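Coming up is one lone chain in structure tokens, specifically the form solved without ligand UPG.
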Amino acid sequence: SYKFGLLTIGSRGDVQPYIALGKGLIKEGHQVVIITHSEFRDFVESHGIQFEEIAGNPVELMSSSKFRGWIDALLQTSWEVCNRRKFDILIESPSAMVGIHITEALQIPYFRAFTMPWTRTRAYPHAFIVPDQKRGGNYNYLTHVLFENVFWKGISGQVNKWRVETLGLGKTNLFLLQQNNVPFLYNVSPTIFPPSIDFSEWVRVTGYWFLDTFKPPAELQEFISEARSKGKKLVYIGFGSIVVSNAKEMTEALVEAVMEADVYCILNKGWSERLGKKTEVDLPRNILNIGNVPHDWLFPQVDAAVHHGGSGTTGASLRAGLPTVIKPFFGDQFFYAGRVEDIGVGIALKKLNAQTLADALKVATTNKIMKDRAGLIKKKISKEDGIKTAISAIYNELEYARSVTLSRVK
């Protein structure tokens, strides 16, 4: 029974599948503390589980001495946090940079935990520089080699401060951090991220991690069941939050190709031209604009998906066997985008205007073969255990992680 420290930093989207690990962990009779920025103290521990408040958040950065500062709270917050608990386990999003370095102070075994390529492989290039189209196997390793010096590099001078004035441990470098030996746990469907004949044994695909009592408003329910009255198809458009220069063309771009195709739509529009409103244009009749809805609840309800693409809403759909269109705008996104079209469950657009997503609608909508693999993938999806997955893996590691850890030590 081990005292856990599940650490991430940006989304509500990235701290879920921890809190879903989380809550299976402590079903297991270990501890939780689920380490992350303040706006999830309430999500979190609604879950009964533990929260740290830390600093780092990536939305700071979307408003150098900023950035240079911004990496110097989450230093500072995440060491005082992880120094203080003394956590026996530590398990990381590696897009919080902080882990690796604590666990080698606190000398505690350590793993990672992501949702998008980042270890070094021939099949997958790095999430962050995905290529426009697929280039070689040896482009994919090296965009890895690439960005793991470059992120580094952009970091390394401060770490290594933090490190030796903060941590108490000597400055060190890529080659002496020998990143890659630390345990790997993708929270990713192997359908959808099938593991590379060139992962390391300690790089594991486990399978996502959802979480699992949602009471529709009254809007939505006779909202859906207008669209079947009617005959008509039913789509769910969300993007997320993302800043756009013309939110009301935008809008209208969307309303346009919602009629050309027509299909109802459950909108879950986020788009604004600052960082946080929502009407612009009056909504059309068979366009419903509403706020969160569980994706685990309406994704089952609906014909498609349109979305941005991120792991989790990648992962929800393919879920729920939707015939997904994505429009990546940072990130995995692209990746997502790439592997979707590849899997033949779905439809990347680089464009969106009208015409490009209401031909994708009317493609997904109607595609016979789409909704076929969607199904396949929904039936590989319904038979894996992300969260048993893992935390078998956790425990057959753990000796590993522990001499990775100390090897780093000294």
Given for the second form:
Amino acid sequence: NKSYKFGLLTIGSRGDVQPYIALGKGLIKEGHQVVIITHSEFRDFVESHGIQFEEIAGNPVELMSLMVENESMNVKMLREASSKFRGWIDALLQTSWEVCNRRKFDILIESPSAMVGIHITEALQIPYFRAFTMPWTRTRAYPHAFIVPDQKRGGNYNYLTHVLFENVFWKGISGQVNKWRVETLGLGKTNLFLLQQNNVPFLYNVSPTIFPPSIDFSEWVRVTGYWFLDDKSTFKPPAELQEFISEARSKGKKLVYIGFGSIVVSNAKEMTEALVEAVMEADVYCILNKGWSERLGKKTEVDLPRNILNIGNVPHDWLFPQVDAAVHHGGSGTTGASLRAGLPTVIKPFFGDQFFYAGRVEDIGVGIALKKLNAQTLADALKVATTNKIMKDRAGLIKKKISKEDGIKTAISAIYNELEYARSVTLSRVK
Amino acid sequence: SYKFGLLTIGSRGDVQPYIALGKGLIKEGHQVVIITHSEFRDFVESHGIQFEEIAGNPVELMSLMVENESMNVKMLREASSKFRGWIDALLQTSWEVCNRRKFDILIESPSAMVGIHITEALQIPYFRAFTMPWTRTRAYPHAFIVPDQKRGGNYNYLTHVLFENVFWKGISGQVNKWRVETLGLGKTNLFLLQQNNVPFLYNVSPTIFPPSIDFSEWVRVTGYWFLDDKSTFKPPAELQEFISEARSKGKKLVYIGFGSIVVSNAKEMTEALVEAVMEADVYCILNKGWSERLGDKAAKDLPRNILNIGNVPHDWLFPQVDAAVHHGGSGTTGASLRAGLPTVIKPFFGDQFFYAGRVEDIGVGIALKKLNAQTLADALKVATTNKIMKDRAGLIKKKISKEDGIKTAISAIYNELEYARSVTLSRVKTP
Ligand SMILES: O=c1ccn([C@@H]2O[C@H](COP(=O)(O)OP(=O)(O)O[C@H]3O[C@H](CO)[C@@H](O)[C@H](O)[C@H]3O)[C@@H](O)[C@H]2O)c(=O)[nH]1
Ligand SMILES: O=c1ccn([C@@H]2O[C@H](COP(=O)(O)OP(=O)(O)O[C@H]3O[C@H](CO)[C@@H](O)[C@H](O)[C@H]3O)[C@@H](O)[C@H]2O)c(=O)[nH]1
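Alongside the form solved without ligand UPG that was just displayed, please also present the structure of the form solved in complex with ligand UPG.
Next comes the full complex, and the chain you just saw is listed first.
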């Protein structure tokens, strides 16, 4: 409608930040001003795409670091973890308020894992939107992203996981948040009843093919489509990668990507050896994007054969159309990239919403959820994913449906259509 | 001579071990009352133990958790109100019993919630007893927060801290009202309760649940408390003929029974079991308890090699079969391990996931992730023919048979009694 200053706020990893870059670029092209508010590590990434950056604390790697490496006695580790956690929350609260209160955004869009947005927008009296890539609103259709059961349960169970999560999350931070609300933001104390979080317009930046809206979604909870960044333009592929791909094809071998993102594992070399053995057993060429290790870190430890190339990060929109299947961790964005390219997809989930997407790929018939990762289960899965016609057709159909979605345009329309509602929701919390 | 109150809520598996312990205490010259739901009166009294009724039967809550598609804001209000009424009835009935009976010592399953408060009001020694991981430790995750696959010790420890906080804060409003209005105490919180001080009896074998070096000296893994009903059981003719037929035909004989569960499609599950049993070419004693709603199909159709029987005492039946497939309930797992059976576990809820992993880890059985005709057929083949697994099951039988859980628990009670008194008094208001 007219030129607004957006603040787009998120914490987490690349997959929390990249969709906001895509949305930010789209908003800039609609005439608006955009600041992405996230961790220092992502400044160059954000600025390389023409978006303004502001730093906040709240980097979850800091918390993961204490769960892996702290090896003091039990109660000491717990005290040290609680204190680090409390200090990390405090820094997130204080840095996010300092940015927002200085910049005077017209509109704030936030991932709700960042916690601060509903309070900050109340203090500044501005429209507020949530956006996220995993189930996070009350519904019977899907369990909460962090409480996915081993196998599907009924709708009341799913609904109750959301109620439990919202209560655990709030009550875990409510002491610190209410102190900050009172001492710093100038507000009164709040609780779940006053926050009415389920009133806030919510943008699920995922395809409705994988995450269809549920019969019980509110009107302002919208599944927009993935917010794809499109980095194939400007990517200059290194020679080794081009030669490897051409060699696979010249030799008539199937070509697979394997990559589990960043993870910490018990035995790095054993995992690598099981992947190598699996790739040898299934007669395949493998583009490997290793990010596992015993400590946070330093990639390839053992002698890899001719049919395996350890490459860094390569933009998936360039690579995925050229391979026959992909094996990955089921991260929301990575799943979007494999589905967008019509790849049969093997997922080995490790944490959180990866379990959600692993089940969804199996349910939609486009891939296989690995329970156990070893040389045999992966070799079987690689055989099915590179030869099963039904699965390839289902992956093709999903590719077709995703190509007709335009998640960014849908999300921007949703913002314009919901702006006045979003303002009204904020103002209802003002006393 | 002491007057023991043994207090528990839940199902038969929560009550049966206390019967066994109660009989042992009576033979040591003590008095025993078991305090649980009306449904178990006949069971308790048939074994010569005194019974007192309390409310708090989790079946009442299961209704709302396990219905399909009712959940929404209004249903959640009705569910909260029902939950609050259920808690209140448990609180009031348990206080009425304990305050009238004046036990010298209370031993409680901590899922019952009330014991730590009641013993503080009456100033008596308090013990906990339970059959799944419930004390802070790095060695095991909390029973209700078992990860998909093993994580590190810091992760395990933190699941216990999270669980303790969630459980307490879920009930603390109502418990504190009752503490003040009814018990005559002040309000409390997790910090004041110091729950990890309380002497704790894990009534499970240390072969399946070995103590960790980080277990406090008052946390004891005693061995299972077995009831032993084989000598009174008169097998019906159909069962005898079936057992004799399996053996005369040289077929392996398996028990399959998942207890009481609510599933999405009852007939499909039954058909997958039938197909699996045919493929493995075994004879199956089936104890069906699954249905689409809590209303009763122990009935089902079945071929000659499958016999639907009711409940049969497992200490009679498990010695007569070659393997067992079950849900991994703590008591049922103890019965299959005690009998030296290779054990297939398909977990559904809670601590079943803990025991499923433990049987796989000690090499006596297989954990099913997915239950279908193929996974079960493969598992039934391994469980009835793998020599290594049968040997390992025999060795575990030997280790269990050398434990005397009852005698160990009674000694632990006498050895920790003064400490148990002291822990209660530290919570008590100094006059
Ligand atoms: O070599 C690479 C690696 C990644 N990507 C892209 O980068 C994004 C990664 O997204 P995602 O898989 O969502 O991010 P991760 O940071 O890898 O995953 C974490 O963050 C996600 C969003 O919070 C969660 O879904 C995951 O469970 C969590 O592990 C996607 O667009 C990928 O296609 C590439 O183009 N090339
Ligand atoms: O036909 C039968 C059925 C049961 N039993 C015995 O009854 C007890 C049942 O114990 P358990 O499996 O502990 O009880 P359930 O009530 O089936 O299981 C619930 O309660 C347990 C203890 O709280 C939890 O470990 C389980 O996860 C939960 O499902 C065991 O000793 C069995 O051997 C028999 O002898 N014959």
